[PDB]
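Student: For reference, the chains in residue letters:
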Amino acid sequence: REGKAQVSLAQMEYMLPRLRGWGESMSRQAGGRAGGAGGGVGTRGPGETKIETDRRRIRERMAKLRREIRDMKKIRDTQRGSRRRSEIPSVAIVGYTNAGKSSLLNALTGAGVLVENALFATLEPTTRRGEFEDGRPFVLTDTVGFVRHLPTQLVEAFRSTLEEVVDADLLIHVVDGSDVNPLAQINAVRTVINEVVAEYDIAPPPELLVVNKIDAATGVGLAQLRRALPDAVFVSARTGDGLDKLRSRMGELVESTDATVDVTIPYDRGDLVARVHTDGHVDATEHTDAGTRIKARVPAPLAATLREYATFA
Amino acid sequence: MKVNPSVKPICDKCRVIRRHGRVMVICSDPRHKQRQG
Amino acid sequence: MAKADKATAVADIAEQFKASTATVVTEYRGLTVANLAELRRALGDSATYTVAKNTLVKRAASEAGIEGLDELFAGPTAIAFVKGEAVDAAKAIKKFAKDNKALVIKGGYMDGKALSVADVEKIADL
Amino acid sequence: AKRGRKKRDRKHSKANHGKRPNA
Amino acid sequence: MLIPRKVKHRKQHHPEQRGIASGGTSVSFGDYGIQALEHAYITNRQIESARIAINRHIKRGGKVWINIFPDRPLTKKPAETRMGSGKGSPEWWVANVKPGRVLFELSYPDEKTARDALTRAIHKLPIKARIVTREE
Amino acid sequence: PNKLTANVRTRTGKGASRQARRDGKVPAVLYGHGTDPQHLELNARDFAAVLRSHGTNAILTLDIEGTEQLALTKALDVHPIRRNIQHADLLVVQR
Amino acid sequence: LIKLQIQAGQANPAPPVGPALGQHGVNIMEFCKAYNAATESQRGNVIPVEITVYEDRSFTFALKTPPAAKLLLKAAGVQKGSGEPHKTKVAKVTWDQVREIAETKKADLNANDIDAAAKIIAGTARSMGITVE
RNA sequence: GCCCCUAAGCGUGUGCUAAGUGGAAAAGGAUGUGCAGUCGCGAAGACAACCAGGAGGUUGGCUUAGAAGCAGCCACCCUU
Ligand SMILES: Nc1nc2c(ncn2[C@@H]2O[C@H](COP(=O)(O)OP(=O)(O)CP(=O)(O)O)[C@@H](O)[C@H]2O)c(=O)[nH]1
Numbered sequence: 158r159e160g161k162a163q164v165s166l167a168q169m170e171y172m173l174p175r176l177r178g179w180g181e182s183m184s185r186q187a188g189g190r191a192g193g194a195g196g197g198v199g200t201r202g203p204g205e206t207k208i209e210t211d212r213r214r215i216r217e218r219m220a221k222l223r224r225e226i227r228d229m230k231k232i233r234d235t236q237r238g239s240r241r242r243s244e245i246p247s248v249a250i251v252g253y254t255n256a257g258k259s260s261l262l263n264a265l266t267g268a269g270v271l272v273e274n275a276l277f278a279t280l281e282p283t284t285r286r287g288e289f290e291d292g293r294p295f296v297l298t299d300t301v302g303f304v305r306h307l308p309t310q311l312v313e314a315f316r317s318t319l320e321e322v323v324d325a326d327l328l329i330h331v332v333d334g335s336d337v338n339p340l341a342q343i344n345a346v347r348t349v350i351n352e353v354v355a356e357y358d359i360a361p362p363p364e365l366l367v368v369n370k371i372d373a374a375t376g377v378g379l380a381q382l383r384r385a386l387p388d389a390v391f392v393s394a395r396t397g398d399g400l401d402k403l404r405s406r407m408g409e410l411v412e413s414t415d416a417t418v419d420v421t422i423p424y425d426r427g428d429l430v431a432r433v434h435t436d437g438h439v440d441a442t443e444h445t446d447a448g449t450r451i452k453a454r455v456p457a458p459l460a461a462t463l464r465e466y467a468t469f470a
Numbered sequence: 001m002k003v004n005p006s007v008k009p010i011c012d013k014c015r016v017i018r019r020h021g022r023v024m025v026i027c028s029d030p031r032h033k034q035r036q037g
Numbered sequence: 001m002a003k004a005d006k007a008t009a010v011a012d013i014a015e016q017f018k019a020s021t022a023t024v025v026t027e028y029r030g031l032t033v034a035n036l037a038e039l040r041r042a043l044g045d046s047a048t049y050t051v052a053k054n055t056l057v058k059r060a061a062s063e064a065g066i067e068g069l070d071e072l073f074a075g076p077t078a079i080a081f082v083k084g085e086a087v088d089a090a091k092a093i094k095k096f097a098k099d100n101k102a103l104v105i106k107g108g109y110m111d112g113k114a115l116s117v118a119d120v121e122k123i124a125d126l
Numbered sequence: 002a003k004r005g006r007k008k009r010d011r012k013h014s015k016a017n018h019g020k021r022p023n024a
Numbered sequence: 001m002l003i004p005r006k007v008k009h010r011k012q013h014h015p016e017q018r019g020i021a022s023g024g025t026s027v028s029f030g031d032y033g034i035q036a037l038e039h040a041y042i043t044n045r046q047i048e049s050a051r052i053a054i055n056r057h058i059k060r061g062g063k064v065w066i067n068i069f070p071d072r073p074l075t076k077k078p079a080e081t082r083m084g085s086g087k088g089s090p091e092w093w094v095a096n097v098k099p100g101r102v103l104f105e106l107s108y109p110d111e112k113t114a115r116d117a118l119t120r121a122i123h124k125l126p127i128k129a130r131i132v133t134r135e136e
Numbered sequence: 008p009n010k011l012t013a014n015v016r017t018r019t020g021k022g023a024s025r026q027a028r029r030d031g032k033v034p035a036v037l038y039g040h041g042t043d044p045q046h047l048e049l050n051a052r053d054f055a056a057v058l059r060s061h062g063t064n065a066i067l068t069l070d071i072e073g074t075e076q077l078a079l080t081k082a083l084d085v086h087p088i089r090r091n092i093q094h095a096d097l098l099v100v101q102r
Numbered sequence: 010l011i012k013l014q015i016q017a018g019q020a021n022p023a024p025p026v027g028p029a030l031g032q033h034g035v036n037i038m039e040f041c042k043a044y045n046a047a048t049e050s051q052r053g054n055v056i057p058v059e060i061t062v063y064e065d066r067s068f069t070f071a072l073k074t075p076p077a078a079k080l081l082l083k084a085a086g087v088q089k090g091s092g093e094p095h096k097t098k099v100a101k102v103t104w105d106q107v108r109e110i111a112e113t114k115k116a117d118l119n120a121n122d123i124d125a126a127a128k129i130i131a132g133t134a135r136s137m138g139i140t141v142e
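Chains as they are written, first to last, in the authors' numbering: chain 4, 158 to 470; chain f, 1 to 37; chain I, 1 to 126; chain 3, 2 to 24; chain N, 1 to 136; chain W, 8 to 102; chain J, 10 to 142.
Think of the hints as simulated: they come from the structure by calculation, not from any bench. Hints are supplied without guarantee of correctness; some may be wrong.
Claimed, not checked - Each computed EDC-like pair below joins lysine to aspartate or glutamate, with the alpha-carbon atoms no more than 16 angstroms apart: (1) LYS106 (chain I) to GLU121 (chain I); (2) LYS20 (chain 3) to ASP10 (chain 3); (3) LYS91 (chain I) to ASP125 (chain I); (4) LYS18 (chain I) to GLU63 (chain I); (5) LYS207 (chain 4) to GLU91 (chain N); (6) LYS76 (chain N) to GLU205 (chain 4); (7) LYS58 (chain I) to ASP45 (chain I); (8) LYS230 (chain 4) to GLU159 (chain 4); (9) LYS42 (chain J) to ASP446 (chain 4); (10) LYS8 (chain f) to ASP116 (chain N); (11) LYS6 (chain N) to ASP71 (chain N); (12) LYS113 (chain I) to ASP99 (chain I).
Work out the full structure, taking the sequences as your base and the hints as a guide.
Tutor: What follows is the structure, encoded as structure tokens:
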């Protein structure tokens with residue numbers, strides 16, 4: 158429904174400036190069984206009739222659609238509660254288009270999102286929980302396709318994506334190794350984050366680079382883009398590959414808010430150390446004996462709970 | 001209390017009951033409790 | 001209950017009592033698996049100490065041939081099929097009246113016959 | 002819509018035998 | 001989506017609803033099926049919807065048959081127009097379904113899941129229909 | 008089990024068949040090797056009962072009003088909505 | 010009745026040994042001290058100790074041979090068990106040594122019946138994935 | 001049409017309805033109620049509940065310091 162409303166609104170509002178002329182020209186002979194431009198759903202189904210037929214109806218429907226998106230904004234922000242209420246680090250797959258964003262998401266998380274051959278395949282930003290090297294049950298979300306000269310007539314669709322990228326910490330920039338000017342691809346797609354931050358200014362989020370299609374790409378490029386070019390890591394293939402350090406540098410560049418100050422855990426209860434073992438990771442489990450002494454990170458509440466028991470080594 | 005013309009036991013513990021001439025589903029989990037209304 | 005179990009219920013007592021010159025019956029309740037095995041399997045040398053349905057075996061007893069002990073089955077029963085040796089069996093059944101005290105001998109079939117209030121102790125007090 | 006529904010359903014009577022003029 | 005390649009006459013009267021089905025009234029391809037009990041115009045859209053329902057329910061198994069093809073075209077006058085000056089353009093392809101006709105048929109090794117998918121299809125359909133089986 | 012009584016048809020036609028089916032007496036016609044059609048009626052209850060187990064094909068001992076006779080089930084005209092046999096067609100067998 | 014399965018080595022390891030002895034009762038050390046004192050001679054064999062506690066406390070020095078599956082492992086010729094029993098079997102452990110070594114261990118556990126012990130050990134081998142002939 | 005308004009039955013006999021249904025309505029939901037069938041069990045003791053066990057292998061194997069049956073995955077047998 159979200160898409161079938163926001164794309165419908167974008168189409169109505171693109172017609173708005175040209176409701177006179179070609180729109181009537183299209184309606185004159187109509188679709189004629191099926192036309193070269195459907196409606197709200199395009200691929201047959203709803204939107205079979207037309208986009209713009211009467212100015213009154215068009216205006217009416219733009220009003221209704223705007224109210225509908227007003228409803229959907231509340232619904233979406235209600236859904237997006239747990240993450241903001243939990244302070245759980247989130248990352249975003251920002252790719253121009255066809256850069257294998259959905260496929261990369263399938264990789265690294267065992268996700269089964271759709272990965273279709275098209276410049277606009279994933280419709281709404283979808284996300285999944287993932288684990289860093291040592292834990293950190295973080296969140297990873299995709300982004301929707303961004304094409305050069307982002308049509309401003311269609312922003313309601315990318316508004317959700319923009320929100321989901323501005324409410325994130327670490328950004329990973331996927332590119333597609335097809336064109337000859339990947340630099341142009343990346344600069345163009347990056348021209349949008351500028352206005353994104355201009356509107357919803359919070360900060361310039363930490364940035365990382367990647368480019369899919371390694372198997373078929375750089376057929377005559379060799380490792381120049383891998384050594385001389387700036388920050389970038391890429392092993393995904395046009396179907397899927399292994400991931401080696403994308404999951405290491407992603408953790409090292411994500412927010413490291415988790416305090417790493419040493420804490421002392423005594424024996425006390427039969428399994429009191431279980432709380433720390435399951436919460437705050439167990440990095441450097443220098444288990445010794447009896448009242449085992451160790452060094453591990455812990456979050457703000459566990460740190461404050463063990464403060465008094467934090468006896469130096 | 002979800003008021004819905006369609007009440008069906010959502011989980012294995014949900015039990016239907018007729019009360020005051022009005023179908024109601026009651027479950028150990030409070031979230032599943034609902035009534036036809 | 002189950003038809004096959006009922007059908008076997010004849011042989012479930014027939015040859016057992018034909019071989020056993022003695023058997024015991026009493027209201028058993030409380031001894032765990034371990035306590036029961038302490039004499040059923042832990043001390044299994046000359047008697048099979050088992051249990052069986054007390055309601056389905058009432059007809060099976062008549063079928064097997066025993067008739068003296070039929071009114072005493074109204075309740076839990078812990079049978080002890082001995083192959084004849086009684087001097088140790090009587091001691092075995094009398095031993096449990098110090099540690100548990102939950103195991104008495106309400107009655108049973110002695111030598112193809114019933115018994116009295118004192119026979120439970122006089123079977124073999126030697 | 003209530004008035005139309007009622008005037009129409011008035012045809013289902015034992016006296017009209019099911020059909021009413023201008024149903 | 002289901003649609004005839006071509007039709008001789010493009011503007012036909014509405015398909016009739018009277019009477020019962022004298023043909024197609026038995027499961028003859030699969031094991032289970034949906035027998036309708038009320039006249040209706042099942043449309044290409046509903047047929048596609050129910051088909052997707054059954055296929056999504058049954059995981060990569062079983063075979064599905066459709067004993068009805070939408071071929072009768074139903075017209076529609078363009079909005080905000082008076083009455084007269086010719087019939088409308090073809091709008092919806094409908095298959096005239098009658099009482100007793102078996103619309104969908106399924107063959108799946110399991111039993112409960114086949115029944116459940118059939119129920120899904122019935123809910124997606126407009127008419128009242130029951131689940132009939134090859135047995136009797 | 009396979010022994011099904013029968014009763015010749017007193018009347019015949021639309022009204023007779025409707026009345027019989029309302030009272031629960033499936034009509035049937037018996038013909039074949041003997042080449043002498045007989046219009047009769049059976050108790051739909053037992054007819055369907057035997058059909059459930061013995062299947063459509065079955066050698067039915069039709070106990071006619073006056074004697075017995077073997078028969079075979081040839082046709083079963085059944086209403087598609089009301090799953091009930093509307094008419095039966097029995098093939099006589101000479102053995 | 011708290012059972013801790015361990016070998017005759019080691020002394021007060023918390024992750025495996027943080028029991029009610031250290032939780033509430035005698036000091037943590039004494040438990041393993043008195044447990045290993047009377048059974049040092051184990052040499053890798055698992056000799057689990059089952060301690061009892063009375064209304065206040067009552068230590069018990071108890072022991073038992075290694076698990077049935079672990080004995081099967083010892084004799085079979087592998088150190089790590091298979092996580093896919095009946096999908097990738099490792100070794101076809103025979104029955105002669107099984108009998109000769111279980112002719113008393115099962116007599117202690119349940120009973121000395123050789124056939125019952127054979128069925129139990131077959132079940133344990135099936136569980137581990139290193140089945141028998 | 002026959003309780004009074006209102007001429008004439010608070011008619012007789014079987015049942016049914018708890019909804020003021022009668023005295024508006026759909027998809028669909030539904031342990032409401034009458035009747036006719038069927039499949040298990042059960043006077044050798046079932047269905048509810050009550051008194052004891054519900055064990056040994058054994059922290060069954062993968063995982064994990066960990067997973068004892070209970071995040072999760074394979075096996076899922078027997079001794080009495
Ligand atoms: N470069 C790359 N392409 C892939 C990979 N896996 C699949 N593909 C192919 O790329 C095609 C496009 O899918 P994908 O690039 O994942 O879509 P997307 O870029 O994530 C989202 P959009 O298509 O809207 O831009 C698919 O048809 C698929 O066959 C991969 O790991 N890397």
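Student: Quick one: which hint numbers does this structure break? Sort them smallest to largest.
Tutor: 7, 12
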